[PDB]
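Trainee: What follows is each chain in one-letter form.
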Amino acid sequence: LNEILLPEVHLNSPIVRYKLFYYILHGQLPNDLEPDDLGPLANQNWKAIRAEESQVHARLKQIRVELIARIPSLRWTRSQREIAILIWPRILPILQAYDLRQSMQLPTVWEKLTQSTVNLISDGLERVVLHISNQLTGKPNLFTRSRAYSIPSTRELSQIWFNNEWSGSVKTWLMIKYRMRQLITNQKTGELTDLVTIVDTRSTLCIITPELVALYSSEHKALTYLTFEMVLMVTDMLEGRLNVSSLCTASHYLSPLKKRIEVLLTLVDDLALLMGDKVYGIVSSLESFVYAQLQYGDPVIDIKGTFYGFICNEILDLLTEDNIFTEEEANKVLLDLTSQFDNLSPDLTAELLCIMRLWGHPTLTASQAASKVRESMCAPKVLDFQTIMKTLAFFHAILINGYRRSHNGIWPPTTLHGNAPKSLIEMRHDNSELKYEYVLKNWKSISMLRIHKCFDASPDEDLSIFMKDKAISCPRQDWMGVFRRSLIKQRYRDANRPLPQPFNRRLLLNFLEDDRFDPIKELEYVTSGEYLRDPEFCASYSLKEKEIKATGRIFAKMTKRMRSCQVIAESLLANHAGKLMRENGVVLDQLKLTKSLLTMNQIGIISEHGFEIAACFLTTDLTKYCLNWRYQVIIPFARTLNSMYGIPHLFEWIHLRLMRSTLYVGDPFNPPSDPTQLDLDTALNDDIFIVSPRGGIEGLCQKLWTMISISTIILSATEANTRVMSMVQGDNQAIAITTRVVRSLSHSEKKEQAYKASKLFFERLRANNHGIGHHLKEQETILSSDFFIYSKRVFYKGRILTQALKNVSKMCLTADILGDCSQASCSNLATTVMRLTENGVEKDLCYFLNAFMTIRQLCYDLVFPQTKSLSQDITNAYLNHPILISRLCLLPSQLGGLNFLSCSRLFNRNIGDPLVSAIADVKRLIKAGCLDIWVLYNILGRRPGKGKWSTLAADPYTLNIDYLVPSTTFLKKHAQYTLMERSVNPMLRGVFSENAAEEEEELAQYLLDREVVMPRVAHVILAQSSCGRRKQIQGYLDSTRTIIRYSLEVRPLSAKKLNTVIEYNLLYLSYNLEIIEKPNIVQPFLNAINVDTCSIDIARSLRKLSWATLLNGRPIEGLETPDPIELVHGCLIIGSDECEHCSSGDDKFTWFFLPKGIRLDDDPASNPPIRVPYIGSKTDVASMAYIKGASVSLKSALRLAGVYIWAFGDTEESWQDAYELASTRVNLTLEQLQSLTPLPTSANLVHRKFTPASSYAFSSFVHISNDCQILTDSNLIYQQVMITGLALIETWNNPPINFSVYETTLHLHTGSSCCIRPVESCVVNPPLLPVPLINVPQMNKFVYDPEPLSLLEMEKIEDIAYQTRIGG
Amino acid sequence: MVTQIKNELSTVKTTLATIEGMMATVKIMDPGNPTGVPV
Amino acid sequence: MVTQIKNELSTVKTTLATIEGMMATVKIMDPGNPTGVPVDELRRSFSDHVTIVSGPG
Ligand SMILES: [Zn+2]
Ligand SMILES: [Zn+2]
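Protein chains in written order, with full-length UniProt numbering: chain A, 4 to 151, 158 to 618, 658 to 1228, 1232 to 1299, 1308 to 1330, 1337 to 1433; chain B, 248 to 286; chain C, 248 to 304.
The shape of chain A in the complex, shown without the other chains:
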């Protein structure tokens, strides 16, 4: 079992300084640590601690005696030796010297294997991209136009990835991490022998243990100790450095950044050696200096260089605080840091935001992290009553206006105050909109206005919230159980008290194992006032991983009851009241979110194709808002929300509970410094304690704070008589101040006028935020006339800047998931390469990089095996033949390979049928020369796997090919069944069924064992049936590493299942060996299929042959969709060129036009008019009768009935079967089902953070017209064609290109294409199998609703049906 629960491969936990100090003091390891450096650890009686933990001391003493033996000078005390002992942050400029090139062979073999495998596919991949460009444009330089310089192939990419700097360091640290993980696995198993590894390489001695790594370099005479977490950080950071440097070397777009990034790395490494842990302050300052340099080139003189100068001052402060540098030296260092940012395009200055994690993360301490939050909280804060009341009045106005914009335009139940004027009484009586100018005038009556109950909200409205695991704190009585037992044992012994019990319960498991769990009774904890009296309540922080900024270094955890209350309250706010305020533009739909962001950014960009419009953008950081919220400023908003929800007291819980409890930072290796403070309540406001925090916690009650911020923004906009468009998102808010300017004015003067107009609004916003207690400083706010920042992405002059290096810096050699399959890692690499394509990197380079790193990952997994196997025949077969590795890595995932990135994925995010795309890419590789046609014949003639009726319907488009699903998904599913069968909760009483798999198989047979098989329809109907709703609710489980470990513990796997989960990788490789080794003997009719056959025909044949055992030759319909690249035969028209498809017969095309004279980052008047480009079209019902407030079960039943009638027929028996299947989820009679069901015509069959699909640089100027095209598969096909054309236009002018001296035209002819096909469906196919006995959770409200229609609703639907029957 320990061979599944392997130690982490990447960093996922904070680095703790005192853990390293504990491990180096336990073994008496040599060190130059001052007494204060150790903190509380210096007062420990290490003798007793050494006496216990005998094995740990044995290993550490072994490492110490080896260090003393190899380096005799380590005995030299009082630092009379020349050897220097350096903690992590100070070994940055020496990491290149720690190289174990000799006495290390696995990285060498890995590099040679990757090189030899890449060398066999480079020329084929070049031919592949050449053919893609020739098809999509008609010219062979689609991908090389911007760079033609040097065009790096896959061989060049591999050569510069392996021969770069940091390559030797990344091989050395990969070996170190591999050996450390092996030793950790051995120690956990219990070998207790040979757990110390010595490499003793010349000039670099390294000793590896399961707990520490002792690294010594003879060149610098420096010795360092690294814990396992620090080893993972160093190897992640070095991999990121390698990736960033190699991408800068490869891409002509990022080529200017290579030298600047190298000098930045060198300078900050020496700065790290000089200062220590404070260099991350300099790194976080550079994070904002990127934006400061970005705003250094705006037209407005009064805003140019303000942020630049202020950040330079703050960096000088950070460099001179400790007097490490004098003023002259600090100024010189600042100049050196800044000179790497100047004379760069705006895109590159934003892609220098990759360096943030290139220097690792600071060593964290509980006291230092607690000091920051103890000062933001527990601090006196003066607030303005009037400012609070004005923003409360605007809050009421926005709530009323939103409730009017919904609910048929009527005011909420409201009670006017005695001070309300006649005008307010008439506006309430007439139910008219509250204009914001009116609110700003009468703010003393718009406020003091009690909105009564508006929502019938219930805590159990959403079940997904209860099924997500959140960290829960221990009961207050035992709060010291977080700390390591060794450190607290003696201080508890001296107090004559029992040792505190360790706490390991999880919120999810605790909720699952409750016999009596009622969400109403859960909320009664807060509503009744019991939370303010619970002596068990305890909240604590804990160190946050992968953070370098002082703020946000902790996250809080509460008790089970108060976490449940918090999630219930957040769900209540996010579902009913949060919906009512849309003054901001953030929505859950990402597509319309980025459309709104582009529209907001393009306010002031108007061309010449009176008065005009101008925009000045303001960006504010709200990170410290959570600590600065106070009850006295939120109580009125909380009270009105409580009134609207009917709860007497729910939402003002965070501050009230926090002021009465002492918080602390819970780190196992950071016990309290004073050993006499054994109780949390009596603790003082120092060390790791935060006594009576008056503020709130990050994330907790964020909806209320966001709503207050929106109200304040609207109040400030109204006070200044300025139009704005806020986009508040909790961390970063963006405000686009809008003003009217003369059209004839100069661009610089237009922006000056816009800034002058925005000055008053900014002053009002600052005053309002200070009034509600949030002091706005220079760091937080960023005023710019060109760009704003949203979700860590900058919107610069109608574009989203690339920041591709940040994405490439997190492209590592393994996924953090538990199964650790090759498929999961290759899929992760493919996803990151997709991000690279979307962020401006050459699409040709991205394709080559995807292939190269898939090969690299497979070779690494082959030569660095996670688990030892008795038989190495498969691994030797793959290792000794790199051609097999290349064939497997180039094979698409859907066919059993590891190539998870398709050729069409370079342009289209929405792929439709992935099997058709996979077949198209196989054809491309075959015709280029990468693969062979006999590989395709082997795949077609492959013997069908082990598939059931449930597998064809659970995930359509998939083949009956074994091992297609990773072991990670198997572990997630095992954890969800193990938690579901353990559940005893009143909710989920009937969700679990022992024969659920059999019932789902019978239902899938019912839907599929018909005359024609329609996997889309079966998938939809299953997902909207009772069995499918139970599957969905079981899939609501988190499936987290801790949850998976718990499932494996309480429900152990069988021996065969254990072995198959352990050796899934070897079994998968052995399974592929039957297809990627030699030409097998196949049936003869497969000779008809050629590389020239359309991918849709091959997909039809392949799905017919793959599921042959299941379907017995019957066809599969409704699945196939033409591949985007192969469907279109494009043509780019340049100057005197004439389209060759238009000139020869074909006349169907999607016309694209890019005007001439475009100059990005130049005067908007000169370039053609801008517009929001085509970014996609989501779902957009015309039912017989519209039902309002329909339950989820009712909607699911209507969906099921509509899909059933559309697909299988409209006879009376086809209606009876649909009625029964709906009756598995509702209680309607047959007549009202028929009446309420939406139209069974053209069913879409649609079935189920901020990542823009492109930079939208040149796509905002593109004209599109499908006037020469027919136009719901066709709609999706044409949307794909338009997206492909836009991406083609964008890659024609890559980010290096910023101009358009000529006007280009793209035709993209989809006609005369084999792939487009006619559509015939909706025939009558009756069920060849009787309806299965479907068990139904009748009592469960989340699955079945006994009363889905009211009496009035039933009367109305009956009247509608009768009127239609009589009226005709």
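If you are wondering where the hints come from, they were derived from the structure by calculation, not from laboratory data. A couple of the hints might just be wrong.
[Stated by the list, open to error] 35 Å max Cα-Cα, derived DSBU-like pairs, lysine-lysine:
#	chain 1	residue 1	chain 2	residue 2
1	A	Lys672	B	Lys274
2	B	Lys260	C	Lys260
3	B	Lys253	C	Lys253
4	C	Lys253	A	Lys588
5	A	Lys916	A	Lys267
6	A	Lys672	A	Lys530
7	A	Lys450	C	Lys274
8	A	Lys858	A	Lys268
[Said to hold, decoys possible] Derived CB-CB ranges, DEER-like:
#	chain 1	residue 1	chain 2	residue 2	range
9	A	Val391	B	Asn254	38 to 44 Å
10	A	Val1013	C	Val300	58 to 64 Å
11	A	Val1013	C	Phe293	55 to 61 Å
12	A	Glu1412	B	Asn254	34 to 40 Å
13	A	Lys555	C	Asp287	33 to 39 Å
14	C	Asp287	A	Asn417	51 to 57 Å
[What the hints assert, rightly or not] Which chain C residues stay away from chain B? Per the calculated CB distances, all over 10 Å, these:
#	residue
15	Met248
16	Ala271
17	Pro281
18	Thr282
19	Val284
20	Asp287
21	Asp295
Using N, Cα and C, we set each Cβ at its ideal position, and we do this for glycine too.
Chain A is fixed; fit chains B and C with the ligands onto it per the hints.
Mentor: Chains B and C with the ligands in isolation, oriented as in the chain A frame:
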């Protein structure tokens, strides 16, 4: 003149109500004593 | 006599306006925990919700 005093006492009513609501908000703003919205 | 209350009530109206002015410009201050006294000691506050009506109701 009685109509004048009635019209002015209307303003007295509204300003007194404003003062009352403002003082109620202040009293309910003390974190020391948790408050509950009626119904 | 009714003429006498007419002028005196006008004096009242103005003060009520004035008090409102100052009340509208008051400052809501949060003491915070600057002293850093153990919560045990700082716990001098109601543990019970009180359903008092603010403004309308
Ligand atoms: Zn054409
Ligand atoms: Zn085709």
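Trainee: Within 35 Å, alpha carbon to alpha carbon, are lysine 672 of chain A and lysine 274 of chain B?
Mentor: 28 Å, holds
Trainee: Hinted pair, alpha-carbon criterion (35 Å max): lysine 450 of chain A, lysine 274 of chain C. Please report holds or violated.
Mentor: 21 Å, holds
Trainee: Looking at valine 284 of chain C again, its CB stays over 10 Å from all of chain B?
Mentor: 15 Å, holds
Trainee: Confirm or reject the statement that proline 281 of chain C sits farther than 10 Å, beta carbon to beta carbon, from all of chain B.
Mentor: Holds, since 16 Å exceeds 10 Å.
Trainee: Sort out whether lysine 267 of chain A lies within 35 Å of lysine 916 of chain A, counting only the CA atoms.
Mentor: Violated, at roughly 40 Å.
Trainee: Honestly, do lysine 555 of chain A and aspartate 287 of chain C meet the 33 to 39 Å range at C-beta?
Mentor: Given a distance of about 36 Å, which is inside 33 to 39 Å, the answer is holds.
Trainee: Holds or violated: is the Cβ of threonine 282 of chain C farther than 10 Å from all Cβ atoms of chain B?
Mentor: Answer for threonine 282 of chain C: holds, closest chain B Cβ roughly 16 Å.
Trainee: Assess, step by step, whether the Cα of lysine 260 of chain B is no farther than 35 Å from the Cα of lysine 260 of chain C, and give holds or violated.
Mentor: Within the cut-off at roughly 10 Å; holds.
Trainee: Are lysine 672 of chain A and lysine 530 of chain A close enough, with their CA atoms no more than 35 Å apart?
Mentor: 34 Å, holds
Trainee: Once the closest CB in chain B is found, is it more than 10 Å from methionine 248 of chain C?
Mentor: Per Cβ check, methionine 248 of chain C is outside 10 Å of chain B; nearest 12 Å; holds.
Trainee: Falls inside 38 to 44 Å, the C-beta gap from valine 391 of chain A to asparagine 254 of chain B?
Mentor: 39 Å, holds
Trainee: Against the range 51 to 57 Å, how does the distance between the Cβ atoms of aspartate 287 of chain C and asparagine 417 of chain A compare: consistent or not?
Mentor: 54 Å, holds
In summary, the numbered hints that this structure violates are 4, 5, 12, 16, 21.
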